[PDB]
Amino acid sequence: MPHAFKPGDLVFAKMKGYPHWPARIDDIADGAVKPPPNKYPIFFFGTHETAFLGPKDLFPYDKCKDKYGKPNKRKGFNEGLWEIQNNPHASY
């Protein structure tokens, strides 16, 4: 059975207007802004941007990579596919 999301979990994250995007649940560093209740700090591969999202927008990587892990024209997306497959837990 699945558990709640935790730092380091890999996902495709969905935001309005954009395709499901390779991402990870980030850590929250000491002194860093904490997310709203029931939301998570999402780090987007490729663009290296962060948003606060709830689980309704988070699709687990291993289950959904066949559908969502394919080249896309958007800027930064295929760089992001490389990051999530080859070094998803590194500092960018």
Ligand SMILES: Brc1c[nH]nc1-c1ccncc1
Contents of the next structure:
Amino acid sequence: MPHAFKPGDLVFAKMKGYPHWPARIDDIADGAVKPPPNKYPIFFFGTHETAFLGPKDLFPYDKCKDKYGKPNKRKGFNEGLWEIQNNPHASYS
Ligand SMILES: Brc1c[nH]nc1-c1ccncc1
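Right, and the form deposited with the ligand bound of this protein, after the form solved without the ligand?
Below, the chain from earlier opens the complete complex, with every other chain and molecule after it.
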């Protein structure tokens, strides 16, 4: 039964103008910028960009991969598909 989102959870994250994108709930490093209240730091695979999102835009990866996990022409998307499937918890800095 679902819990709240926690660092390390794998998701598809929805941003305006982008398809649902392979992503993870990031950790917040010591001394790093914290997200606004009720928002999570979302690390987008492939592009390696971060955005702050609420749960309305976060879809669990295992439940939605058959819907959202197909190749896409957008820059970084297919690289992101490889990352979320093959090394989702690695450091991509
Ligand atoms: Br959606 C997506 C995939 N990679 N990066 C993004 C993104 C776009 C804009 N602001 C933050 C993150």
